[PDB]
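Could you build the full structure based on these sequences and the hints that come with them?
Next come the chains, spelled out residue by residue.
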Amino acid sequence: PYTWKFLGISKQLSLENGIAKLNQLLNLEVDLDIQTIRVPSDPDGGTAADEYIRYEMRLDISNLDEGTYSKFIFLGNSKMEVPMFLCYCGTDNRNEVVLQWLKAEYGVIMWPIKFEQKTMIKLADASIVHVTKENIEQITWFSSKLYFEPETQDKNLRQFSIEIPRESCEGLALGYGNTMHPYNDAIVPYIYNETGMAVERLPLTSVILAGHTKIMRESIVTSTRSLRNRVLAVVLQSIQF
Amino acid sequence: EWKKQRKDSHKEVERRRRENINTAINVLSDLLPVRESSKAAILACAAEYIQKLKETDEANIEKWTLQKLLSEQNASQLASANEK
Amino acid sequence: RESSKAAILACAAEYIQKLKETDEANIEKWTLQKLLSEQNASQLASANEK
Amino acid sequence: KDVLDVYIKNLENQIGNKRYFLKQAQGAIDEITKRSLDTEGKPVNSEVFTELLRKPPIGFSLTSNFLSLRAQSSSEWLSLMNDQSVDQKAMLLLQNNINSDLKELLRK
Amino acid sequence: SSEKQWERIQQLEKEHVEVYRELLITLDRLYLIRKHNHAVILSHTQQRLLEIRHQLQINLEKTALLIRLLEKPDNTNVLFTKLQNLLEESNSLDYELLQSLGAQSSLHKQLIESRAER
Amino acid sequence: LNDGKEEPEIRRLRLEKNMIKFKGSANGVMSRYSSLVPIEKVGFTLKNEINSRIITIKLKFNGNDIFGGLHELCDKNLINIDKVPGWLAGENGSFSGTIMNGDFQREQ
Amino acid sequence: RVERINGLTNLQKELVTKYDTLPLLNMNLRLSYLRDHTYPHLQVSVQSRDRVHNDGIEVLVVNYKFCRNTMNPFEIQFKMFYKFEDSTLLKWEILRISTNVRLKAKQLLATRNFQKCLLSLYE
Amino acid sequence: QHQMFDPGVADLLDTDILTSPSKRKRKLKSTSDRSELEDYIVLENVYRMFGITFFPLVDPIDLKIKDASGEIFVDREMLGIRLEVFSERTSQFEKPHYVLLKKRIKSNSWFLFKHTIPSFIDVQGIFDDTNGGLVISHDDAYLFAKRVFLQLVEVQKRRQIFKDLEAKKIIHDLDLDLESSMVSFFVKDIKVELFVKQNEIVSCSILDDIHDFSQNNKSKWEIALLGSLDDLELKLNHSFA
DNA sequence: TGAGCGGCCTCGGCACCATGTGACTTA
DNA sequence: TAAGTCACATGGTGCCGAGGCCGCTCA
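Protein chains in written order, with the authors' numbering: chain L, 2 to 242; chain B, 218 to 301; chain A, 252 to 301; chain K, 5 to 60, 69 to 120; chain H, 4 to 121; chain N, 307 to 309, 315 to 341, 374 to 451; chain P, 124 to 246; chain O, 120 to 148, 153 to 364.
Keep in mind that the hints are not guaranteed to be accurate.
Said to hold, decoys possible - Ranges of calculated distance between the beta carbons of each label pair, as one might list FRET restraints:
1. O/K144 / H/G105: 56 to 66 Å
2. B/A257 / O/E289: 56 to 66 Å
3. N/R375 / H/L114: 42 to 52 Å
4. K/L41 / P/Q135: 33 to 43 Å
To be verified - Computed, partial: chain O to chain K, Cβ under 10 Å:
5. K146
6. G193
7. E194
Treat the hints as calculated values from the structure; they're not laboratory data.
Ideal Cβ positions, reconstructed from N, Cα and C, are used throughout, including at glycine.
Written as structure tokens, this is what we have:
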């Protein structure tokens, strides 16, 4: 239950320099981690300019809950119109101090990120593909639940959900064929063919993967302590102009 | 942390176990004649269906023995009528 | 009897499917035997009709 | 309402006649285009266009549609222009205030 | 059901004026091509006069059976009342257009002088 | 899925098509989305057989009038009215059940 | 595309423009159903539907030929008086009965409600 | 003559549409076909005078294309029947009751899809009783239709007899339930309430008690009043005098 | 100005699935 | 020691009757 709030950044800011100023301001050492991930390793997802820069800023004091574990995750690519976004979990009041310092030090323009319906479908696609230490990608199947809150006159239809079990989801994926985006290619077309609902047009408020994560229109909350690389990448292509 | 990573791994193992239990329950409900919703209702209907299939098998065995007796009687009687 | 509940439910599903298959096989075999007996009875009944 | 229905029938009859005349005209012009292998357009003679210039319920339809959507477009033009104008008044009030502020800052 | 009749006759008259305008254009270009062989590359100064003769034919027809219906006031046909409704909504907003244009032009002059001062 | 200011006569016809699909009558049984009986909660469990695999979809609904709201969503081009099934359209209303082999059997 | 369909519309053209639950308007198909499926072996025939439009009353004469026994089928001929609006059967009379069913039909047709009479004759 | 077109362009323009409306009508799409459709409608009304008719029906969901050239074929064939009972008292046809049968996808047999018949007539039980469950041929469908049309005839005839009893002023104000089975009426002031089965009175109850009225004569009247409905009308008019 | 019905709405009690962790077993 | 099965205790979504204030609302 770690909600991730997403904010975009107008500039490619380099964090390996100047973080000592943040350490002096906050009177505590942060555990900045540098990684260079290549998310679209699939040939159909692109084979060039796939490298990202992943920063994991962490206000490390103690490890009991998110009151002392408000992580910060930054992702960046210099070959894009918008070059950087951040996402941070927890509810500590030092996080907005970190954001204010980031603004006042790098001169960046920061705005909250809202996901569209197709963006949420692509994020649900991204959050099942897991990278393994043997450098392979594994699709872990979760019993999804598309959850809608339509606005109709006289509040005729307040809300309606579409629950899809795990074995039915993998059966739909195997029926479509060998694909790496199951929801956008197999689940959503099956829903459209059966019930007539275009879920990329309907007001979709959340899709819930049971036991793993439940992404919303403005936040992503995950049972897992971190956020995988595919979700970060899909958020990064989401905010492009 | 090391212990936090162990807790996360055990959490994932328990989640996989629960998903396997739910998948097995859904498969058993798919094999059920009448469609149920709750887990307890699914298990009770599965027990009732297994007992019903056992009774159906025993009744079919008895029915086949009675049918064989009827066929033997009909054949012997028709042969006797032919001789007469 | 199994230990894990998943194996118990999987064996229950397999037992239900096996019971259905055995019932169908018994019905088919008894149908074939009854067809043979009915053919013999019908031919001897036609002889009795003549 | 019977007079409205028969006038609707009369106008759809006229519409169908005009659609027929369009269909025959476009068939003729397409046949002449097919029979003319010259892709490049010939320069139009002025004397031919002169002779064209000497030669030749519709208007009720014309004035009704014209006046109706003319009034509608004028009304919505008032709506958009008045919103833009009150935006201009607000922007000019703010701009005059900050103009006085910059003038005072220049003097100081 | 009268509002349905007015809506219906509205799209019928829209399609009527559309088909008549394009019919007139196709007829005149058909005359141009049939008098010539393939002369279809006529200049802007000639296409504009074609548009002018179209426009004067249109408003001449409008005035022509404007003569036919408004000469003797029957005050019973509903098309007559439709003409007065259309006219009274057409001529109502004429002054406010020029008033708003002049006011917003004075606003634009204020923008110009404020920009020069800044 | 591919697709603005469509003709007001054929727009009336597709509105009539949605009205016919969700209420049975062209003019309805008589705002205008209100059905004959408002339904609060329905839950449908659609099951299919895609290459020897039973694929279940559990659709649950909530509101003051389920099928009126679905009719409004169909009017806003969010749900395809040519692909909305019978049970979603209000057939066997206020009954929640499982759709197997295209036949709706209610729950108990 | 807006299409107008009537009683003589093609079946394929009707299935092109079918989005309602109303019965099919293909009247040849409707009469094929009515002749072959619900009432087979019945040669119905209508020969005079003249009207008295001053009274608004339609005079119909039909011949029912129950041809299930093709060697000696029995046929009847009715005469109905419609009301043509606010539909009331003011009067119906039996014009002609075949003589081989004339007694049983004479006992049956003495009672009113000719719908029962037609269904009873067919049955 | 209103020569609308120029003589230079009237040669290639077909002006004959305005003179001949038949040319326009044959360039869009008669009176003999209208005559044959007219006779077809009259013949369909003649067939519907029987009461039990079959009409063709297509469910719009079951419309699919074969994709060979675009032939729309119905997937699951439907069959709808209508039951028009003739109300002799009003000399009118009552509003039809429609029963719609759809083919099972896996067994090729009709099933009770929809019906507009009230719940005091067990149409599902009648349909399951017809041919021991499954029905295939049109004969079984007509048998089920006749079996339920007899119930419609029974309720309409019972209501007709009681309404005619009211119309002849033989009895005072009465109350009818939906199938006209549980009734109560006053002959002079005696509240005679009846439970009547199909065209035969099986139970009777004389309720109102007068000081001159006795109980053994009441029981004798209750036994005598049993029997057919026409017999009840005759004997009630006999005992009224 | 004053009583007054109706959508809202939150309290909270109940119902049920969902969930994370220690204890314990298996390899 | 990595992984698995287990009941267990808490988390949480949905639901609904009670009741309160609000929100005009109308005389």
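Hint check:
| no. | hint | result |
| --- | --- | --- |
| 1 | O/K144 / H/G105: 56 to 66 Å | holds, 58 Å |
| 2 | B/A257 / O/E289: 56 to 66 Å | holds, 57 Å |
| 3 | N/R375 / H/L114: 42 to 52 Å | holds, 48 Å |
| 4 | K/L41 / P/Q135: 33 to 43 Å | holds, 42 Å |
| 5 | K146 | holds, 7 Å |
| 6 | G193 | violated, 26 Å |
| 7 | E194 | violated, 30 Å |
Consistency note: the structure conflicts with the earlier hints numbered 6, 7.
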